[PDB]
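Enquirer: Taking the hints into account, I'd like the entire structure generated from these sequences.
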Amino acid sequence: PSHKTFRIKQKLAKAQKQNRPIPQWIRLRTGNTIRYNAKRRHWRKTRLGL
Amino acid sequence: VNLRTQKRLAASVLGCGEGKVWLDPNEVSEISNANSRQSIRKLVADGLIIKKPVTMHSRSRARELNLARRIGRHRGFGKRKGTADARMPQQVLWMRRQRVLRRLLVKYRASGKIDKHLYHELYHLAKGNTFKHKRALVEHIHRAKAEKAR
Amino acid sequence: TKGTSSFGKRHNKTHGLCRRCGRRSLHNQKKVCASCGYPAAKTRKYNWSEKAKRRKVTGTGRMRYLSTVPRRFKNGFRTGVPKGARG
RNA sequence: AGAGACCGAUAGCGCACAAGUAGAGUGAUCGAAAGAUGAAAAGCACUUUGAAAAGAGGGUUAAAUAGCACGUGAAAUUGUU
RNA sequence: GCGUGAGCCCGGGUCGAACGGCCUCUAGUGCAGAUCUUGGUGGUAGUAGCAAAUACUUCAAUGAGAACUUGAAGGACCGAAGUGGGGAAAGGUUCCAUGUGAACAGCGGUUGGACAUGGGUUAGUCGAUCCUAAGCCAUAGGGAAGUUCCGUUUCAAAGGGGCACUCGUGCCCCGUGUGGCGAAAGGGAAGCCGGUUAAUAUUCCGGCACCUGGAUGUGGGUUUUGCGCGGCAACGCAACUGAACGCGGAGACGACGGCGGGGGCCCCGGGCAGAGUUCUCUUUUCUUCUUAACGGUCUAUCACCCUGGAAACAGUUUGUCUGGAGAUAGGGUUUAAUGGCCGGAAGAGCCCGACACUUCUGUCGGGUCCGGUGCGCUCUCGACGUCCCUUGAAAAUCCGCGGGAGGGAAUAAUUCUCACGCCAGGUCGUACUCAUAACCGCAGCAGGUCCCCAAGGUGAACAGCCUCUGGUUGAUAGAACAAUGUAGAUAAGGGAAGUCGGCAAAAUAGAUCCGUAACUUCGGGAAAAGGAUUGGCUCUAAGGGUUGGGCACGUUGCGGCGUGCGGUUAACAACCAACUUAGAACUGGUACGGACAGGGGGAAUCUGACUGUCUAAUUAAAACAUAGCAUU
RNA sequence: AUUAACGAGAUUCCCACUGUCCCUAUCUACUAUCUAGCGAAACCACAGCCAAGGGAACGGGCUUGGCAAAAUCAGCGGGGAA
RNA sequence: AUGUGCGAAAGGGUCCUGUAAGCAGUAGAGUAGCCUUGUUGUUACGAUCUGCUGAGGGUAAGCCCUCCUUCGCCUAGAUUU
Ligand SMILES: [K+]
Ligand SMILES: [K+]
Ligand SMILES: [K+]
Ligand SMILES: [K+]
Ligand SMILES: [K+]
Ligand SMILES: [K+]
Ligand SMILES: [K+]
Ligand SMILES: [K+]
Ligand SMILES: [K+]
Ligand SMILES: [K+]
Ligand SMILES: [K+]
Ligand SMILES: [K+]
Ligand SMILES: [K+]
Ligand SMILES: [K+]
Ligand SMILES: [K+]
Ligand SMILES: [K+]
Ligand SMILES: [K+]
Ligand SMILES: [K+]
Ligand SMILES: [K+]
Ligand SMILES: [K+]
Ligand SMILES: [K+]
Ligand SMILES: [K+]
Ligand SMILES: [K+]
Ligand SMILES: [K+]
Ligand SMILES: [K+]
Ligand SMILES: [K+]
Ligand SMILES: [K+]
Ligand SMILES: [K+]
Ligand SMILES: [K+]
Ligand SMILES: [K+]
Ligand SMILES: [K+]
Ligand SMILES: [K+]
Ligand SMILES: [K+]
Ligand SMILES: [K+]
Ligand SMILES: [K+]
Ligand SMILES: [K+]
Ligand SMILES: [K+]
Ligand SMILES: [K+]
Ligand SMILES: [K+]
Ligand SMILES: [K+]
Ligand SMILES: [K+]
Ligand SMILES: [K+]
Ligand SMILES: [K+]
Ligand SMILES: [K+]
Ligand SMILES: [K+]
Ligand SMILES: [K+]
Ligand SMILES: [K+]
Ligand SMILES: [K+]
Ligand SMILES: [K+]
Ligand SMILES: [K+]
Ligand SMILES: [K+]
Ligand SMILES: [K+]
Ligand SMILES: [Mg+2]
Ligand SMILES: [Mg+2]
Ligand SMILES: [Mg+2]
Ligand SMILES: [Mg+2]
Ligand SMILES: [Mg+2]
Ligand SMILES: [Mg+2]
Ligand SMILES: [Mg+2]
Ligand SMILES: [Mg+2]
Ligand SMILES: [Mg+2]
Ligand SMILES: [Mg+2]
Ligand SMILES: [Mg+2]
Ligand SMILES: [Mg+2]
Ligand SMILES: [Mg+2]
Ligand SMILES: [Mg+2]
Ligand SMILES: [Mg+2]
Ligand SMILES: [Mg+2]
Ligand SMILES: [Mg+2]
Ligand SMILES: [Mg+2]
Ligand SMILES: [Mg+2]
Ligand SMILES: [Mg+2]
Ligand SMILES: [Mg+2]
Ligand SMILES: [Mg+2]
Ligand SMILES: [Mg+2]
Ligand SMILES: [Mg+2]
Ligand SMILES: [Mg+2]
Ligand SMILES: [Mg+2]
Ligand SMILES: [Mg+2]
Ligand SMILES: [Mg+2]
Ligand SMILES: [Mg+2]
Ligand SMILES: [Mg+2]
Ligand SMILES: [Mg+2]
Ligand SMILES: [Mg+2]
Ligand SMILES: [Mg+2]
Ligand SMILES: [Mg+2]
Ligand SMILES: [Mg+2]
Ligand SMILES: [Mg+2]
Ligand SMILES: [Mg+2]
Ligand SMILES: [Mg+2]
Ligand SMILES: [Mg+2]
Ligand SMILES: [Mg+2]
Ligand SMILES: [Mg+2]
Ligand SMILES: [Mg+2]
Ligand SMILES: [Mg+2]
Ligand SMILES: [Mg+2]
Ligand SMILES: [Mg+2]
Ligand SMILES: [Mg+2]
Ligand SMILES: [Mg+2]
Ligand SMILES: [Mg+2]
Ligand SMILES: [Mg+2]
Ligand SMILES: [Mg+2]
Ligand SMILES: [Mg+2]
Ligand SMILES: [Mg+2]
Ligand SMILES: [Mg+2]
Ligand SMILES: [Mg+2]
Ligand SMILES: [Mg+2]
Ligand SMILES: [Mg+2]
Ligand SMILES: [Mg+2]
Ligand SMILES: [Mg+2]
Ligand SMILES: [Mg+2]
Ligand SMILES: [Mg+2]
Ligand SMILES: [Mg+2]
Ligand SMILES: [Mg+2]
Ligand SMILES: [Zn+2]
Numbered sequence: 001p002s003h004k005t006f007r008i009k010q011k012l013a014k015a016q017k018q019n020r021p022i023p024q025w026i027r028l029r030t031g032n033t034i035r036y037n038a039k040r041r042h043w044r045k046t047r048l049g050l
Numbered sequence: 001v002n003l004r005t006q007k008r009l010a011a012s013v014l015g016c017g018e019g020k021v022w023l024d025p026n027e028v029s030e031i032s033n034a035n036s037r038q039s040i041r042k043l044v045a046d047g048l049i050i051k052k053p054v055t056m057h058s059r060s061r062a063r064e065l066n067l068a069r070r071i072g073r074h075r076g077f078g079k080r081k082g083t084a085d086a087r088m089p090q091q092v093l094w095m096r097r098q099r100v101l102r103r104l105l106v107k108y109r110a111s112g113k114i115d116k117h118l119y120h121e122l123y124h125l126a127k128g129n130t131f132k133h134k135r136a137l138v139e140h141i142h143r144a145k146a147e148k149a150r
Numbered sequence: 001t002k003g004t005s006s007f008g009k010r011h012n013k014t015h016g017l018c019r020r021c022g023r024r025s026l027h028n029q030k031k032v033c034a035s036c037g038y039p040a041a042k043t044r045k046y047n048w049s050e051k052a053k054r055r056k057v058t059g060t061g062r063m064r065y066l067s068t069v070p071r072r073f074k075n076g077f078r079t080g081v082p083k084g085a086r087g
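Residue numbers (the working numbering), protein chains in the order written: chain A, 1 to 50; chain B, 1 to 150; chain C, 1 to 87.
In case anyone wonders, no lab produced these hints; they're calculated from the structure. Hints should not be assumed to be uniformly reliable.
DSS-like cross-link-like pairs, simulated, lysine-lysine; straight-line CA separation at most 27 Å [unchecked claim]:
hint, chain 1, residue 1, chain 2, residue 2
1, A, 11, C, 31
2, C, 9, C, 31
3, A, 9, C, 9
Expert: What follows is the structure, encoded as C-alpha cells:
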C-alpha cells in the first residue's frame, strides 16, 4: 500500500538492489566456478516475507 | 509503426477519450516523431490530429409523446401499470385541497367579506370533509350571507 | 465452503518482524516473539530440539570481538609497543 | 596438533560446491539437488550458405572417438543400414 | 578353449594410469520379488482433449514470417447495483522510454504485467505524530523450589508553582491522588483556482489566502475626581484592567415517519456562433454559453422583548396543539447562507474567424446572454411526531461568568481580547494495481475479498429491454452437418391410462370496475372462489396562481403616502402553468398489460403455536430456541 | 384433549393444464467428426476366438474337437470373476 | 477433349403471401382561421377509406423450360502400371 513505515521501505530498497545479474568480468578469472545468479527473485514467482 | 503513445497523449491534450482521437492515415511517419506534449500540440494546430464529434441522441420522439398526452392521447386503461394511488397518491390530493381552502378564508377575512366568527366555523367545516373544491366553498359563503342579511 | 472460498478472506497478519532476532515471528497482539521469546531477558531454547539449538549457537555469526581473544591470550595480554618503533 | 587393517560422491556429517543455503509453513519448525575439458585456452582466425539459431569448408591439439550440453560412457528405450 | 556347476583363460574394437597369481589374516562380502528405497525410461498415443461470459470484416504500413501488432473505415457488447472514474487491506517496481536470439504468454507473435539498459514519488495547510475507548503492561505490596503468578490505587513518607541571584548555592506559597502503550473509519488549529511532465502534484510554477508560536513599533481607544458609551427592554458598538479559589457552556452522540428552505443533476421556451439531414417535410436535430477558497454588505424558520387585556372564545398544522403562568394584533431584538450584490475576476477558462510559420515561432479580431417548471433524483439544514421492562462513549483542547488580589495619569500613563506592521514552522509516507492477468486459493484458476460518485426512453420502480459519455472488440483457429449427447423449442386425437410418487414441463399472472363461503382467539380467512374491460384518431368536462379595485384634505418628482371616511362589486377583468381523472363519436382481417415484466385454485387428515436457529463438503425437519407456566 | 393464523414439513381426492404415457416425429446452437498447431493421465506377470472335459467343485494358456489370412476407421457397453 | 457440352445471368412456367412506394379524391368522426356568406366558399390538421392494383415481394439453395436471349471456358498439370 501507499501507506508505509520506514522499516518496510528500507527492506524493499535492499531487495531490488540484490536482483541484478553477475558482471561479465567475473567469469574470466582463474579458477572460477560461478555461472549465473542462483538467488534471482521475481514478484510473480516467490513471495518475500515482509 | 506503433502509435499507442501518441494516441494516449492526444486524448490528454484534447481533453477527450481515446475513442474520439483521429490520427491522419497518410501522415503516420510524421506523427510517429512526436514524443512530447509540445509536439502533439503543434500537430493539432496544423490539422493532422483532430477531435471527432459525439454520436447523435435526440429527444424528438420523447417530447412529441409528451405533447400528445397533454391533450389525452396515450392514457387509456391499456396503458397503465401502477395502481391509482401510485400514479396520484391520495395524501397529495388532500394536502393540496386544504392549502387551497385555507388560502381563500384568509383572503376573505383580511379584505372584510367575512368576520372572525364565520371564519372559525368555516375553518373546522373544511377540516371535515364538507367542501369538495373551491367552487363549493364560495357558493356556501354566498348563501350564508344571504340568510344573515335577513 | 471450507477450502477455496474461505482462503480468499486472508488479508491480515498474525506475526511481524522481531526487533531482536529478525524473523517474522513477533505476535502482533501479544507482543511476544515465538522464536527468541522477546521481550524476556533470556533467549528461548529447549533441549528437545538439537536442530534449533545449532541454527543459532555461537559461531554462526560474525564473532566481532570473541574471535580476537585467542591471539591476545597466546601473547599474555600484554600492552605497549615493540621497542624503538616510530610514533 | 598427530594418527588409522575406517568411507570413496545414492558412500562418509543434513552440507567435499555462494549449506543450515534455495524452497515450504501464520507459527513452533521442516529442509534438498548439485565434484572430474586439456600439460598448456592453444576456448576455432578466415571463406561461403542462411532473416537468425546454425551448417559446410578451413584451423589448434598427442587426441575434438576431449568443443565448455566437455575423462571413461553400461542397461532400459529409439533412428538408419 | 577349459570346468558336472558357481566360474576361469584367450582373440578383435574403444580407452588412458594403475593392476594381478600363491599361503595366511580380516569383513559394512554374492539379489528377481519385500503394494521394497533413489534415479532414469516405455506401451497407451500424435490418443483424451484445447466447446461458459452473443463477433467479427476491408485496405494500407512494418517485418524473413501477421486471425490474435499499429492507422483509417464498417459491424457489435458493457448499458451508470458498468467491462466507467477513484480509494482501504494485501503486493513491491509490476509505473515510463528505448531495444531484444532463446525460455514464459497450454495455437502464433514483429506485441507483453516476460527479457536487457536507463529514468521516475518534492507539503507549516492531505495523513501519521496529539487524546482517550474495549484492553495490555511498569511502580507499592502478597504468592511460588523456580521459569514467573497476582495486583493498577492499594495497609506507600509517591507532587508543582513563584521570586531575586553580584554569580547556580538562597528564599516563599499550594497539596486528597499518584505511570505508560493502545484508532491512517472515533475526537481534532490552518489552502483554493489556473497552468505544467514520457512518467508527480490540494506537494512543482503563477496569482490570491489562512493557522500556531515568538518578538515588537506606529495609528486609534481610556484616564485631569482612575479601569468606555448607547437602548424602557430583548441587546448593540473597532477597542473598553482583573491573581487565588469556584460555577457553567462547547467537544458530546439512537432508530424510523411525513412536511418545509438551500446547493448540484434532469426537463421546457428564446437568442448569438458551429455542425448533421434536405427526392419530399421539418422557423428543424445536436454541441458550448463557466465563476473557487477567503472577505464586505443586505436578508432568511425557532426563540425573546415592549404596549394591551380575550366567551358570540380565538389563533392555527398534511398530521390538535397554543393562550389571564397573558392569546389575537401593532412594533422591535437575535442564533442560522450551500441566498442577492460587490472585491477575488476576466487579465482566467471555453467557442468561432482571419493571417503567419521548414523549424525557431506565432500574431490579431469577435462572442462568452434571458426566462420557466416539479408528489422529479442526490446531498445538506429546520420545526414537528412515534418506539422502549431497549433511553442510545470517554479524554485531550477552547471560551464565558462569580470574586476583587495586584497595578496605574495630568503630561504623561496604559499586562487596551482594535487596525496595520517583523520572524519561523523540523521528521516519515506520496510511483502503480485494487482484480474473468498486479491480493488469497500450488497458476495469467468461471471461486473469494471493505467503500465513494451514478445520464436519456418505456414503466409504480436501482425490474427487464434499447441508447449517450467513458471503455472493450480479450479468451487456439479453418472446413463439414452422421449416431449418441448437453442447452433451447413446437406437435394431430385422447388427457396421468406413465410412475414408488404429477418428478419435469404446461396452465395463471399488470391495471380499472363488479363479486366473495365455512371457520375464527373478532385482528383475520381474502388477491378466497367467480366475471367484464384495455389499441389508434378527433373532441368535450373538471381539479390552480398573481395582479387591480370609490371619495375629501396636506406633503413628495402618473406622484408614494399622513389621514377623515364610504363599501363588500348579487364576484368581475387581464396575464401565467404542469400533470391527474371522467365521458362521446369515428376507425381495423375482434386486434390492443400485442416484446419485456408477471399469483394455478379447492375439500380434508398427521404434526410444530407464530417470526427466528443448526450438522462449511450426502439429512433444514416433526429437531433447537421462544413468550407463557411450575418447582428449588 | 382441542385449536384460528402460519409452513421450500409427511399424506388422500377434485377442477384446470400439459409429450409422463398410447407412439413417436421434426427444427436451432455447441460438441463429437476431418485438418494445421499443441499435447497429458489411469492402468500393464505374459497375453488376448470358441464348445465340452477334468481341475481349488465357473479356463486366455492344459486334454479332445470346431477352426484359422496383411495393415486398418467410426461406435458400443457381453466379458476381461475390468 | 467442340458437345443435344459446362458455368454465370436473364426471360417464361409453377408455387407462397395477400393488394407495394407515389400521386389523386364531391370519401372521412371532427377542429381552428379568413372572406364578397357559399348549395362543393376557400386555408390548415386528421386514425382511416377508395382508384391506378389478384398488385408488389420471393421463387432452388436437392422446382420445370429456353439450337427459339446475353457473357465466358475448353484437346492440360502431376503420379503410376
Ligand atoms: K544428503
Ligand atoms: K516462508
Ligand atoms: K604420446
Ligand atoms: K582434427
Ligand atoms: K577423451
Ligand atoms: K583389445
Ligand atoms: K503433434
Ligand atoms: K464466448
Ligand atoms: K463481450
Ligand atoms: K506535516
Ligand atoms: K512558509
Ligand atoms: K509516520
Ligand atoms: K510531531
Ligand atoms: K482502560
Ligand atoms: K515476585
Ligand atoms: K485518528
Ligand atoms: K518529477
Ligand atoms: K494613542
Ligand atoms: K470607546
Ligand atoms: K462519538
Ligand atoms: K430537502
Ligand atoms: K433539492
Ligand atoms: K434544486
Ligand atoms: K427529468
Ligand atoms: K477553506
Ligand atoms: K381564553
Ligand atoms: K400525511
Ligand atoms: K446514499
Ligand atoms: K481593582
Ligand atoms: K503522489
Ligand atoms: K496517486
Ligand atoms: K488498496
Ligand atoms: K428511466
Ligand atoms: K429501467
Ligand atoms: K449437429
Ligand atoms: K448430432
Ligand atoms: K398417475
Ligand atoms: K404404489
Ligand atoms: K388481462
Ligand atoms: K381425529
Ligand atoms: K420458522
Ligand atoms: K442439512
Ligand atoms: K426450512
Ligand atoms: K437442532
Ligand atoms: K401452557
Ligand atoms: K418447512
Ligand atoms: K469420441
Ligand atoms: K490437429
Ligand atoms: K468347467
Ligand atoms: K500337457
Ligand atoms: K399503394
Ligand atoms: K387492389
Ligand atoms: Mg390514508
Ligand atoms: Mg488476531
Ligand atoms: Mg610521540
Ligand atoms: Mg584423520
Ligand atoms: Mg551424484
Ligand atoms: Mg552425500
Ligand atoms: Mg562428469
Ligand atoms: Mg566449425
Ligand atoms: Mg584418446
Ligand atoms: Mg548428454
Ligand atoms: Mg564424454
Ligand atoms: Mg540398447
Ligand atoms: Mg590423466
Ligand atoms: Mg550387507
Ligand atoms: Mg534389481
Ligand atoms: Mg527369492
Ligand atoms: Mg482429438
Ligand atoms: Mg478455452
Ligand atoms: Mg471441454
Ligand atoms: Mg480476436
Ligand atoms: Mg445484455
Ligand atoms: Mg446493448
Ligand atoms: Mg508498461
Ligand atoms: Mg516494447
Ligand atoms: Mg504458446
Ligand atoms: Mg513460438
Ligand atoms: Mg517475441
Ligand atoms: Mg523484469
Ligand atoms: Mg490536518
Ligand atoms: Mg503484570
Ligand atoms: Mg513480589
Ligand atoms: Mg498514544
Ligand atoms: Mg479521524
Ligand atoms: Mg502571529
Ligand atoms: Mg472576571
Ligand atoms: Mg462572485
Ligand atoms: Mg454575503
Ligand atoms: Mg405576533
Ligand atoms: Mg464581480
Ligand atoms: Mg475570454
Ligand atoms: Mg496515474
Ligand atoms: Mg476497483
Ligand atoms: Mg479471479
Ligand atoms: Mg497469486
Ligand atoms: Mg413516467
Ligand atoms: Mg471451431
Ligand atoms: Mg432435449
Ligand atoms: Mg398433443
Ligand atoms: Mg389439439
Ligand atoms: Mg380435459
Ligand atoms: Mg415441479
Ligand atoms: Mg382473483
Ligand atoms: Mg382457505
Ligand atoms: Mg415451526
Ligand atoms: Mg450437509
Ligand atoms: Mg441440504
Ligand atoms: Mg470356454
Ligand atoms: Mg464341471
Ligand atoms: Mg484369464
Ligand atoms: Mg488344440
Ligand atoms: Mg461406453
Ligand atoms: Mg465389460
Ligand atoms: Zn525474536
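Enquirer: If a hint holds in the structure, say so; if it doesn't, say that too.
Expert: Hint check:
The hinted pair formed by residue 11 of chain A and residue 31 of chain C meets the criterion: a straight-line CA distance of about 21 Å does not exceed 27 Å. For the given pair, residue 9 of chain C sits about 24 Å from residue 31 of chain C by alpha-carbon distance, which is consistent with the 27 Å threshold. This hinted pair checks out: residue 9 of chain A and residue 9 of chain C have alpha carbons roughly 26 Å apart, not beyond 27 Å.
Of the hints listed earlier, there is not a single one the structure fails to meet.
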